[PDB]
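Just one chain follows, in the form deposited in one PDB entry, and it is written as structure tokens.
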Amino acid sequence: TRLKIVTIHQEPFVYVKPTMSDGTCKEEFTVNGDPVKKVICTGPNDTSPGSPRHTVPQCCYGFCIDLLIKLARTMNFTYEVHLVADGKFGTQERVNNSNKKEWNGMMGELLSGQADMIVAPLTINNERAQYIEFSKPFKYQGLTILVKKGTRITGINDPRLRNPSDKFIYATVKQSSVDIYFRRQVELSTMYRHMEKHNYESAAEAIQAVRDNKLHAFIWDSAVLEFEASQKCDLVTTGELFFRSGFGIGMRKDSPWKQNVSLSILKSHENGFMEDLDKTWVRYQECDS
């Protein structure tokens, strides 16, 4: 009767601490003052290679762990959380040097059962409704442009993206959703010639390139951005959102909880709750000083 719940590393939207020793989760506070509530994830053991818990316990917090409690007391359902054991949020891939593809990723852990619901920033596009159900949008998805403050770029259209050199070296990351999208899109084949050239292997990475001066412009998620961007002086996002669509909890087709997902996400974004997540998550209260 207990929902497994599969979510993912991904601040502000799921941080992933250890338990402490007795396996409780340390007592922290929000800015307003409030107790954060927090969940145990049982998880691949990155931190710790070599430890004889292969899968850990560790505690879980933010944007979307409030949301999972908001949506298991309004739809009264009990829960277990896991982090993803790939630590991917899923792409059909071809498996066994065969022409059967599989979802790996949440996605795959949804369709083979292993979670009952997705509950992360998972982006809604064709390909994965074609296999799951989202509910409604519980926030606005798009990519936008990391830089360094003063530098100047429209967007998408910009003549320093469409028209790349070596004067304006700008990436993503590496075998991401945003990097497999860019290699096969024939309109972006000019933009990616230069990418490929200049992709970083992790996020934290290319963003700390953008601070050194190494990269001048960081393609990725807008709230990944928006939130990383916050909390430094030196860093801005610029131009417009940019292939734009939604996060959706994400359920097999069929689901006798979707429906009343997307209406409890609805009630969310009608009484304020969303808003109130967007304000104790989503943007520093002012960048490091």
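Residue numbers count along the first chain shown, from 1. Compared with the form deposited in another entry:
- Domain assignment between the two forms: residue 26 and residue 107 are placed in one and the same rigid part, by better superposition fit of each C-alpha.
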Given for the second form:
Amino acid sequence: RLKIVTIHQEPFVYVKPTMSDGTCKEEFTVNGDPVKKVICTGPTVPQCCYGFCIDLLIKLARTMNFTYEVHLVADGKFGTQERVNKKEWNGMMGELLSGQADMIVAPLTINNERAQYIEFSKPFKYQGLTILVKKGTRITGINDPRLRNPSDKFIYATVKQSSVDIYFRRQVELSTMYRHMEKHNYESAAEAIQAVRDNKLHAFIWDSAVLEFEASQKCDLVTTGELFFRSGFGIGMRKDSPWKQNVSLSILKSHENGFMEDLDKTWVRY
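Moving on from the form deposited in one PDB entry, kindly provide the form deposited in another entry as a structure.
Lone chain follows.
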């Protein structure tokens, strides 16, 4: 019985209250297909989980003959490595590594830092980084003057303890951007998007698969359009895991099957 850790991140994971008798509301997409819901505990009552990643998890479970219980990551973070001398990963990365989770099913970015310590599947989703702003705000993209030499006038940020924070921390020529951002990063994507609507933050630098969905439903918000870096999401497993090979074979089969395309239709596109 695999312990799945995930995180709140629409459209990949929606998190909604249960009904009164502890079951999940039955629901269909506007195209007439069942929305598959699973119970998921976390920061600590049961809740309803569904979305792109949940359908993937359900599809993987039936294909590979295992059962699961899903919980939301405690600290609500994706995972970076931090000094304690020892080092330790926070977020879902930390939970996977300590055995609190057997598998991360989330929009978890594949990068070299994490892959030193865990096994990723082949990507189940290819995407990139982009910039969300509130319509009214106008910028070139990643090379706008307001970004390449910041001030407190124009505040931009990302999520703390995320692949995006690592990406800016590791590259020597993003050094001024990083100093500006670390003093302004946010604890979650939603909080950063809400801070963009409220004008407290002027640019959010985050995963395009999330930002384009947010823009297409919250029409005060717009992305620039560019992807300035390309990256994929993968399933996270520990170095030993006997599920590694069959999980990625199933991801590959699902891309060639049109299945992933149906998921993209249902959840990601507008």
